[PDB]
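Form solved without ligand OGA, single chain, as structure tokens, below.
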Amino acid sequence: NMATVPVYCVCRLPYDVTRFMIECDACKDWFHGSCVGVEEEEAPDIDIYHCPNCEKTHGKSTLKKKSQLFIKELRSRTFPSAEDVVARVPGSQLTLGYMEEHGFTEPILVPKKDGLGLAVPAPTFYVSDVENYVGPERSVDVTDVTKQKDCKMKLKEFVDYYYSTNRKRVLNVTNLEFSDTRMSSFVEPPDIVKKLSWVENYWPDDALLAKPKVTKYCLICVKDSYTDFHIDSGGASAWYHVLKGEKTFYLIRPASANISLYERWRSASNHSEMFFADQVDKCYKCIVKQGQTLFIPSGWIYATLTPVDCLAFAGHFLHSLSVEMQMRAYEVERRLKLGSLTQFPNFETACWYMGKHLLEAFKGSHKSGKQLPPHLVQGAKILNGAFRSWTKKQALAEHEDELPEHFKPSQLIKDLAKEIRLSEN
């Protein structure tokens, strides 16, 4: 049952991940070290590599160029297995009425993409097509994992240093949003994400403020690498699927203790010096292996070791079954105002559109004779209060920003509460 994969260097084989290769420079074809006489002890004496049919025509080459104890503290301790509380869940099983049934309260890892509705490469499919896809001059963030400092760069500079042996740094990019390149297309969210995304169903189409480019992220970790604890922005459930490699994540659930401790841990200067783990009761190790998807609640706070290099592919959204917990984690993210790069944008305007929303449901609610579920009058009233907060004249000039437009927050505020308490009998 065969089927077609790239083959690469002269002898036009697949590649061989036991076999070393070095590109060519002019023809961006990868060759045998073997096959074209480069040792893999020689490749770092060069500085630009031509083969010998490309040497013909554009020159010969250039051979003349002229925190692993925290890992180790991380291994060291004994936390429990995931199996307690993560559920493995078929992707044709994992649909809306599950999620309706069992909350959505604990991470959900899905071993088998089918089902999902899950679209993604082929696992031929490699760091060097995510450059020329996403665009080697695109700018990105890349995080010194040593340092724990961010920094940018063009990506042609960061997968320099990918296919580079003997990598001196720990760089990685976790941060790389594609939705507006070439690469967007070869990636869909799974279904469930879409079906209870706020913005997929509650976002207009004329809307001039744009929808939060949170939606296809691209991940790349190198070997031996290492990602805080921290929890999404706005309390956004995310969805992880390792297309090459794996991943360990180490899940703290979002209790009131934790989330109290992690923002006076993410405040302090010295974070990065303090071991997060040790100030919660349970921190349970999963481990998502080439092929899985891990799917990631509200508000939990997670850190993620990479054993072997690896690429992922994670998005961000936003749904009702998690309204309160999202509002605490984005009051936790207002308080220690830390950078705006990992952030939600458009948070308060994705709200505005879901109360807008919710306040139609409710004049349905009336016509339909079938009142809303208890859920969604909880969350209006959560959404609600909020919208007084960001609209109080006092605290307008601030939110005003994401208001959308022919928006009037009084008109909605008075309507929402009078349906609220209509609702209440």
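Positions refer to the first chain, counted from 1. C-alpha atoms forming the largest set that superposes within 1.5 Å between two forms make up the rigid core. What changes on going to the form solved in complex with ligand OGA:
Summarising the superposition on the core between these two forms, the listed residues 75, 223, 337, 169 contain exactly one with a Cα shift of 2 Å or larger, 75.
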Second form
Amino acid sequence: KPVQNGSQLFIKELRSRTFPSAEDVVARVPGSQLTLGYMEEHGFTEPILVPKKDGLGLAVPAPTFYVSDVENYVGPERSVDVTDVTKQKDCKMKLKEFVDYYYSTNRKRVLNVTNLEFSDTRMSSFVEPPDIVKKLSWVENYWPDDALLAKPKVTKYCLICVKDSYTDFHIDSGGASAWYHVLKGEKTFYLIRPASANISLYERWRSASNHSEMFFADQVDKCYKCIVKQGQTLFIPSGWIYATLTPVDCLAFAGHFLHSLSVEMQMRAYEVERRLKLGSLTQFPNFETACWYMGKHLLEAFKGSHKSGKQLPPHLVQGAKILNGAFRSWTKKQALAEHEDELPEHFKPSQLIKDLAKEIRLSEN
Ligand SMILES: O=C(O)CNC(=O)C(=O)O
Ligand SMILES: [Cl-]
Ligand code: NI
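Alt. form solved in complex with ligand OGA, vs. the form solved without ligand OGA above:
Then the entire complex follows, led off by the chain already shown.
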């Protein structure tokens, strides 16, 4: 007799379990200290909690902004993805109907909205991602405004979760990093380090037919518990395997981004999700396109280095090597035309690869 993940009993069982504190792993940092220099010094390999939004350059509405306000600014008629936590099955419904449920007393069901991207709505102007995210983000820096392919629509999510909701262990799509801001309520994260063997266990667990009957954290050494409270912001690094529990009704904002400190992990995660073939619904759209733009940027940086007389930093050269490898796999004979759909206009992949390979050789000397 197995326990279904996200069921009433599961939650009761999970609430009772003791986990190691995120204390020893999650750094608490004031917003003004979260700079590019800080990220480079530490490598953004561990999650970071910023207890107050001051200095982050994050814009969000006041905590007097309610789910009812979300309905108004997003649009009552908007189709949204709703997860039935007690079944771990998703469905579609008008936001109006979810909001109706949310304000119901005697909720029979445990339902959440965790995929509402609002950048195309009136609510978009009320939220601006942290400055550090804009500084790190490959799309923000390298995807041109006049591009014929649409930017990955992953920059502004509104998360609405009722008390006792649960999101099972996962790695976010594209191995993207995340910022996560709790506006009202609190959100508990269960964090697992993306050590290589953990990643492999994760892939095997997730590919198993009975994954919903198995608590993944049982298979790893350390799963850290991190409570994120009202007004706090959590930055989750590339590749981290995590689940969440919602202790009280919670409203949160989040966004996802790729960056130059985790090229290797981004590719490893992308490779895993492609073998899993999930149709994630939360997929990082045009991950490959963002990588092509990064690759073009790196080539320009290499060429520029000859005029500046200053070498690119080692992690960028290593990043270039990893990207060039991916570029080769995506354009191989058998490498499909699913891959060609993600190539930006005006790209000559075989020429880019050859030019990057040469610049890398020159740089290494
Ligand atoms: O909000 C939650 O409980 C879970 N959200 C995520 O996993 C995410 O934003 O990527
Ligand atoms: Cl990005
Ligand atoms: Ni997630």
